[PDB]
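Input sequences plus hints: build the corresponding full structure.
Number of protein chains: 2
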Amino acid sequence: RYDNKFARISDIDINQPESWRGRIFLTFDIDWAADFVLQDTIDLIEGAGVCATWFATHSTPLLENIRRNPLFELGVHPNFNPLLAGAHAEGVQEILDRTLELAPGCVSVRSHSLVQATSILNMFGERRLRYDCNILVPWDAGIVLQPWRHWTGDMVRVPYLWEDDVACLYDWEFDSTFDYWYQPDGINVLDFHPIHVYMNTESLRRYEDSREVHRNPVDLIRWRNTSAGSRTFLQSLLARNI
Amino acid sequence: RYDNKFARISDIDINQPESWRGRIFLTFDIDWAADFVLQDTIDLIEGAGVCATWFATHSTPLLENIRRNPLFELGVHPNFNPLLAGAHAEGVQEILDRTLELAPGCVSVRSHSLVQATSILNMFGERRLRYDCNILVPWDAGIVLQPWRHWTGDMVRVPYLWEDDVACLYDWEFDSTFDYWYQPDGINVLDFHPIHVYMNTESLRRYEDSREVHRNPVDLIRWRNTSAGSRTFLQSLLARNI
Ligand SMILES: [Zn+2]
Ligand SMILES: [Zn+2]
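The listed protein sequences derive, respectively, from chains A and A'. A prime marks a further copy of an entry chain.
As numbered in the authors' numbering, residues 15 to 256 make up the first sequence, in order.
As numbered in the authors' numbering, residues 15 to 256 make up the second sequence, in order.
Just so you know, these hints were derived from the structure itself, not from any lab.
From chain A, some residues computed to sit far from chain A' (all C-beta separations above 12 Å): (1) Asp49; (2) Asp54; (3) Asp57; (4) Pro75; (5) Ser190; (6) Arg220.
Which stretches of chain A' does chain A cover? Using the computed rule of at least three CB atoms under 8 Å from a CB of chain A, they are: (7) 93-102; (8) 130-142; (9) 145-153; (10) 180-186.
One side only, chain A' facing chain A, incomplete, derived with CB under 7 Å: (11) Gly105; (12) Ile157; (13) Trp165.
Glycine is no exception: its CB is placed at the ideal position from the N, C-alpha and C atoms.
Shown next, in the form of structure tokens:
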């Protein structure tokens, strides 16, 4: 149903454009959020009653909440940054295999910091991942987006067009009265972080200033932006589209 | 002039679509080709008298040929694969800085194996690179392509839509009578490797079977495909568009 606007990444059927065209795919890069922060984001999406895909960074009992919910897909968020940062004892394989232990049998992946390479995608495919979510093409680039077949692993590359922290870096609006990014004729994948939904981030300086409080369940709420930000953007998007 | 169809990557002016729309950007990932192989590719493009951009992997006096030619732009092709392959003593910075020594002041980059990440692009930008050429969106994905502004470094991301070895993996045609990939309304960046132009590669098995001969100036020519392949595709594209 057209009215079923929200979908999971694994609902994309590359052979059937009806499975993605004009639809919205809410995705969440967990990024090591404390449990109270992740729980708040889960509660917000569960309250809307929509589908969503969650990319896991670490082990937490809240992953079981995500697994249970039939509207939610659990994927992985492997962190290969230490490989790029300087000398290291391991490669991609060890890190990927460890991350996959968080969601055995999953099919969707987005790399922390969008770390990607031909060999990385080859290794994703060997491990039976089917959807790569690592290409970010901005909604304002003038490009109508569509997922496409990768040349190996029967993988599908799924490009995404909006991200909360990226919106801060590009100075995109959090308080527009319409879905400026929306493509009725393309795929619409958005990426949110629980930390920014929790603090209603409108500037990364709020995020940086509050660093010491990000895991403090008593004080963090005091840093929530009361103007427009990531949280109010998500809340409006949900209200307008359910 | 519309008739000046061929351009260099650094000719892209993100503020002026006339600088890229409907134009063709021939790019060459040198990939450690022996000098006789690189020379053959240079001779072929020089014979056509068109612009081209060359991504350097290693030091060779032939880079000076590329620098001299005012129609040619020299960029870099850093190799970060060893970082992903397993334990390593260095990170991106050391490798990038060493590669940049091959073309000081250059502005364009494509990573070997399309290794990329947010921190990698940040580091490209700090080193005054302006054009990232690491996003490959296939010509047959149904997406009209345009370069776009990256969120840091005043960098421009330039997507490309065709590559010789990728054409083999996707089973794209080398002997079409028309430019099937061409977007009159988008940017058209193609990536060729000197080794495949030299051997007129139509299957990667030819490339793999001939491995021991890739630096043998006497025997390699015997492995050149006499049917349609990467070389005849490039030759036709040049003939049709000059
Ligand atoms: Zn992340
Ligand atoms: Zn290469």
